[PDB]
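So the chains spell out like this:
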Amino acid sequence: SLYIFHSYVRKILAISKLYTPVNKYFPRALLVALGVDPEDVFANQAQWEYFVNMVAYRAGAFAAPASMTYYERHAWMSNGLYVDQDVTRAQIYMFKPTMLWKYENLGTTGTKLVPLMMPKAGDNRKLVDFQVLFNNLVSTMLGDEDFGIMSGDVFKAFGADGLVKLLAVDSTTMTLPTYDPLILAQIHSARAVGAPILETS
Amino acid sequence: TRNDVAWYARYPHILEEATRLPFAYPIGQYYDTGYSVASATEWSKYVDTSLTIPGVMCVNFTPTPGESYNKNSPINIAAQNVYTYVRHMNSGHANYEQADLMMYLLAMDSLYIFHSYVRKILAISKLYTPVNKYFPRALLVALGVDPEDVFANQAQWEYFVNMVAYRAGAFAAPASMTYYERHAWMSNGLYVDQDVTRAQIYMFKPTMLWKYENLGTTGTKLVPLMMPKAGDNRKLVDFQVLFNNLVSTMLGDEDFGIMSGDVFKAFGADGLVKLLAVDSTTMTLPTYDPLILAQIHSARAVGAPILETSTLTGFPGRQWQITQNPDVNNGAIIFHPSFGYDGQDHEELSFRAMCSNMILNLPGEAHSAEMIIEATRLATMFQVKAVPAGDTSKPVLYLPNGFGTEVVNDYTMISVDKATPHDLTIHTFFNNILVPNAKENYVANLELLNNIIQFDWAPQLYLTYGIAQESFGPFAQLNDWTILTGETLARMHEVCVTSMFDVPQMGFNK
Amino acid sequence: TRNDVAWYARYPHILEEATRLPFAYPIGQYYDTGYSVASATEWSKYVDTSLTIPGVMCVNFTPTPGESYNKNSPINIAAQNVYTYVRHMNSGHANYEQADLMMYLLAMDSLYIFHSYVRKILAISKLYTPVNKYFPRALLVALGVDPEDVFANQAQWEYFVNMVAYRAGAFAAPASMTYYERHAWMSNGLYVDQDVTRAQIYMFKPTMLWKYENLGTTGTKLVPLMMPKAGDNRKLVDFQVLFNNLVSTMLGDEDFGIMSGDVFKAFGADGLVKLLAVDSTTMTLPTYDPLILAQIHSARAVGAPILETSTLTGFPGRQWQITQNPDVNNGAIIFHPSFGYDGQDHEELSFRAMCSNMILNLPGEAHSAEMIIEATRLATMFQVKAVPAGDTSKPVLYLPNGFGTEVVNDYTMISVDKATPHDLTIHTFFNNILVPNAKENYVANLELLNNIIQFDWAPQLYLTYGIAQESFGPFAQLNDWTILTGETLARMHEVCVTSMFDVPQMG
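Residue numbers (the entry's author numbering), protein chains in the order written: chain B, 152 to 352; chain B', 43 to 552; chain A, 43 to 549. A prime marks a further copy of an entry chain.
Only chain B is shown next, with the shape it has when bound in the complex:
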């Protein structure tokens, strides 16, 4: 969920620098669909750009294996801009998390992952909302010594070279939309299961 959140805010940052004369949906419609106020990322580009790097830095306190292709799949999904036909003014597909799994420790009677809802496509959320979401996500992880012991164990077992490396972005970092017929074959024949059920639902 941390890696998906990093790819999410990284795609928010990489979208806002995209302007094209042939596509006036860029970048505001992609930013609205991700749930972000598009004027906030323009007015606070340095703050967004450094918050994404700080997320990638503080995620490095926890070790996770890199050959586990679960992480690579979720990062490849939630960061790409996917074009539908490979022409100039083609349609764009994205992947956005509806919710993320927030870690919950019950002590000796178990351990939960509970839903943390992400902003929806009309919400117009600023950087402070995404900072509150990231602080709420890593709140029960950085102070847990079970997580610290497990992190040191994964670090020792896999080594520093065999861990997931959330890479840094600079001011020159751009994502162009790509043509991927595997992504299109996923979107075709996809089945929406409905809204997640919460404990207040």
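Hints are computed from structural coordinates only; laboratory data are not their basis.
Ideal placement from N, C-alpha and C gives every residue a C-beta, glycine not left out.
One should not assume that every hint holds.
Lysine-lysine pairs mimicking DSS-like chemistry, simulated, CA-CA at most 27 Å apart [what the hints assert, rightly or not]:
#1 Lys-481(A) x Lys-87(B')
#2 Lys-427(B') x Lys-87(A)
#3 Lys-307(B') x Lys-263(B')
#4 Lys-427(B') x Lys-113(B')
#5 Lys-87(A) x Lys-481(B')
#6 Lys-436(B') x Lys-277(A)
#7 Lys-481(A) x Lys-481(B')
#8 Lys-460(A) x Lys-481(A)
#9 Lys-87(B') x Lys-436(A)
#10 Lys-168(A) x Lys-277(A)
#11 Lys-307(B) x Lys-175(B)
#12 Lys-253(A) x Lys-271(A)
#13 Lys-263(A) x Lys-481(A)
#14 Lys-427(A) x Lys-87(B')
#15 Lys-247(B) x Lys-277(B)
#16 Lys-87(B') x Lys-277(B)
Pairwise CB distance ranges, derived in the manner of DEER restraints [stated by the list, open to error]:
#17 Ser-352(A) x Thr-527(B'): 53 to 61 Å
#18 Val-429(B') x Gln-511(A): 42 to 50 Å
#19 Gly-508(A) x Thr-351(B): 53 to 61 Å
#20 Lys-316(B') x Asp-321(B): 17 to 25 Å
#21 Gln-511(A) x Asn-287(B'): 45 to 53 Å
#22 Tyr-170(B) x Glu-223(B'): 44 to 52 Å
#23 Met-325(B') x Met-268(B): 44 to 52 Å
#24 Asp-46(A) x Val-238(B'): 34 to 42 Å
#25 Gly-549(B') x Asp-321(B): 41 to 49 Å
#26 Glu-412(A) x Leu-267(B): 46 to 54 Å
#27 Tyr-244(B) x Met-325(B'): 32 to 40 Å
#28 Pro-64(B') x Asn-132(A): 44 to 52 Å
#29 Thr-462(B') x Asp-465(A): 48 to 56 Å
#30 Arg-44(B') x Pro-216(B): 37 to 45 Å
Using the hints, position chains B' and A against chain B.
Chains B' and A in isolation, oriented as in the chain B frame:
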């Protein structure tokens, strides 16, 4: 001598299964050992199951120009040499004297130390490790910074450090003067005590910095500007206020502008101190440096700096000051500070245990001259008591017999708590530690001693018990040692302060 | 673009003349640092100018066959194994059982430790170093001998040790049974804590030895025979009556000769334990051995041996005894001592600090299995409390969860006094030190602590205070530690008791 057991070679499977032990416990968190005897919970405090390994010892220092009470001091000789090179060998201006140029060069060092300080604050906050949970919050607490502020405002911190390095470039200072290189190398490094994976970390933090003060024609001061202490939780706005207060009397002074242009002209742009820029990829890994460890071992804490608002009965005019006056004392730069102050208006009677001659022990059996001269840089021996102005005086002050380019004020150690929150604990201490007669001081002092002996080349301790009216001497593990007296350490201090303020870029001694 | 010469290379004579200091002070010597203020003589004890450096820490041990409660013990399985090896190599009908052979085989170990002890007393006395003034008198005081008696009566001492080697060398014991080789390795050897010339020295001295005490048809009972402690100025007559008390039941005896000849026929003359001979040129040098230092660092002292004359209020019949009786436990060798004794019939409140789980600390980060299991040999953890009898008990006793082929009773440290005439000071301690509430013993306890931390791999201390009602945990510096529970140490103890008593292959 012990031929190897052949049973271990014939049955290595049983030996491997019997000795599968979890080593490499990560440091930074509390560990409980448990109970060998399960009924020993009835003996509650008589059984200790706690294990608190510490990570950070911050050495809190004051930058000094050396001891100076006459014109024959190393700082005055350096003032004469740099004024001859700037004023006469290159065509300098004639509106300032040698003490003015030397105090400008001394005020530039506080700027460089502040830059290394906030640069180390920035480089620490990006360090996270599974094997060391002290990183980075304990290093950030020991430097006096709110650790969540540097995480939440990383871009603002990162650009403030670069802006400090940019605005410091308005003033010229020579690069071959190794005073600046020494202070920048000290106050930026993370120093590891044993060169292993989860070893202990030493830092150097300024206790105060020298703020420039112009009195006009009746002299020129350097006054103390106190830095934040290890519990303060200061944001970026506090460090910005500190940097604005430091360069407030420097950017609008045309004496400083003339002296800056003269140093620029005399040394050239290539021969100046260049505070280098940091990017987002800038990291400091901790290093192993046995010269730094030989400095921290045999270091001597002199106590708190005396301020003009500090209350010292019997000592009204003893505030720490780098002063020059053309009428007073041939126009020499004077730094004659009194030591043994503990921040309170009473006698810290454990400083009485700092009145014996010191022990300087080194690793190995063959010590070079460079090693012996490096290992004495933070050592400071008292020489006489200060004379109280009157007959009633609660504190006891000490005059030294010279000191190096920096004196230690304090040490701050960060460890985890053994009580049920197990948070970070902040203890500040001198080399001298008073254990007063109270029921709860002995176990706390023993925990302090056991945390200190985890640090490899720790400072040597001097413990005073109030119940016995007796001090115990150097609590340290010795090696190849000597006994140093005051004149030998004074000669070594003279040598090092002369070598630090020498600028080989000058046309002197060729 | 020319880097000019630095100040230290422009004046190298100034740097080399300011830094010429006399290093390498001899240890065994009081040093006064003097005053740096020199007005501070008005502050009499508030200024400490003394500098005492210790030289000897003697580990005082008891040799053990391991814990034994029934015939399923490793000492009894080893008795079975060595008895079927010896009996199936000797033609004839034996008259001794397996337990008689193993009790003989432990009594021979106590003889060999005695011989190594007196040969150590001899070979120490020829050691001289100008930079170590603890040689040889502090080593001799730590072994409990009068040092002047060894120098005055050198030829008689050499005759006594050579006659002990001749009279104990008449009995046979298997050389490929590493119990003897390990006990000889401990009892013959001086060990530096660091590989330097002015290093601190570790020794191993027996606290007691096992005396045979034949009983007849009601079995066999190895009894304690106490060795002299440090500070006792014992002469050659005392070690002679100790040797004569150790061999009075087995020197010219027929059963010990038959068992010895059977061991001598089973294992060849090359397969027997060889005692070292001593001339007037025999010297043992201090050596650097990290395995010795690893097991000293994780040593836990179990306390004094309980004797039959020792008075314990709520504990009758708890004396240390390797017993054997066909009436009890089907003729098994039985040894289960209780720990936590120090003399002094009351509770030593400091042994409560030994009820935590121990910390096994090593240097580096890569630890082999041999290093890990050798570092746990002198470690002994309590498991439960012993049950008293009478509802009124002054001491508190503890039962272990197994122990190795030896247990540590005590440590004795030899330093120099800081008061004149600066003679040797003798301090005996466990891992657990009680600091009662008096003004005298706070600075004394701090001096003991600073003396102990001079030793590089000193045993980990536990300190309790009287007014605090509180013990402090492991007073030691840790590098790469793990926490041992009693079951892991019990498994390592069972493995090492099995490996020490192992016989080769034939039947």
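Cross-check of the supplied hints:
1. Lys-481(A) x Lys-87(B'): holds, 22 Å
2. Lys-427(B') x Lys-87(A): holds, 18 Å
3. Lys-307(B') x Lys-263(B'): Holds, at about 25 Å.
4. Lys-427(B') x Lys-113(B'): Within the cut-off at roughly 23 Å; holds.
5. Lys-87(A) x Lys-481(B'): holds, 22 Å
6. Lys-436(B') x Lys-277(A): violated, 60 Å
7. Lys-481(A) x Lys-481(B'): Roughly 13 Å separates the two Cα atoms, so the pair holds.
8. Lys-460(A) x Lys-481(A): holds, 18 Å
9. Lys-87(B') x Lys-436(A): Answer holds: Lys-87(B') to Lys-436(A) is near 21 Å, not above 27 Å.
10. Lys-168(A) x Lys-277(A): holds, 17 Å
11. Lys-307(B) x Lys-175(B): violated, 50 Å
12. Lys-253(A) x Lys-271(A): holds, 18 Å
13. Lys-263(A) x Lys-481(A): violated, 47 Å
14. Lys-427(A) x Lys-87(B'): Satisfied, since the Cα-Cα distance of roughly 18 Å is no more than 27 Å.
15. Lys-247(B) x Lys-277(B): holds, 17 Å
16. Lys-87(B') x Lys-277(B): Distance ~53 Å between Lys-87(B') and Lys-277(B) Cα, so the pair is violated.
17. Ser-352(A) x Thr-527(B'): 53 to 61 Å: holds, 54 Å
18. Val-429(B') x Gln-511(A): 42 to 50 Å: holds, 47 Å
19. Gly-508(A) x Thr-351(B): 53 to 61 Å: Given a distance of about 58 Å, which is inside 53 to 61 Å, the answer is holds.
20. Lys-316(B') x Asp-321(B): 17 to 25 Å: Given a distance of about 24 Å, which is inside 17 to 25 Å, the answer is holds.
21. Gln-511(A) x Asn-287(B'): 45 to 53 Å: Holds, at about 51 Å.
22. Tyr-170(B) x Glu-223(B'): 44 to 52 Å: Distance hint for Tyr-170(B), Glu-223(B') holds at roughly 48 Å.
23. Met-325(B') x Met-268(B): 44 to 52 Å: Violated, since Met-325(B') and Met-268(B) (Cβ atoms, about 36 Å apart) do not stay within the stated range.
24. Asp-46(A) x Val-238(B'): 34 to 42 Å: Since the Cβ atoms of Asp-46(A) and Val-238(B') sit about 40 Å apart, the hinted range of 34 to 42 Å holds.
25. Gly-549(B') x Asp-321(B): 41 to 49 Å: Given range 41 to 49 Å: holds, Cβ gap about 46 Å.
26. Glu-412(A) x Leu-267(B): 46 to 54 Å: holds, 51 Å
27. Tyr-244(B) x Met-325(B'): 32 to 40 Å: For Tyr-244(B) and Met-325(B') the Cβ distance comes to about 38 Å; the hint holds.
28. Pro-64(B') x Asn-132(A): 44 to 52 Å: holds, 49 Å
29. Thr-462(B') x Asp-465(A): 48 to 56 Å: Holds, since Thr-462(B') and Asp-465(A) (Cβ atoms, about 49 Å apart) stay within the stated range.
30. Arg-44(B') x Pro-216(B): 37 to 45 Å: holds, 42 Å
In terms of the numbered hints stated before, the structure departs from hints 6, 11, 13, 16, 23, listed from lowest to highest.
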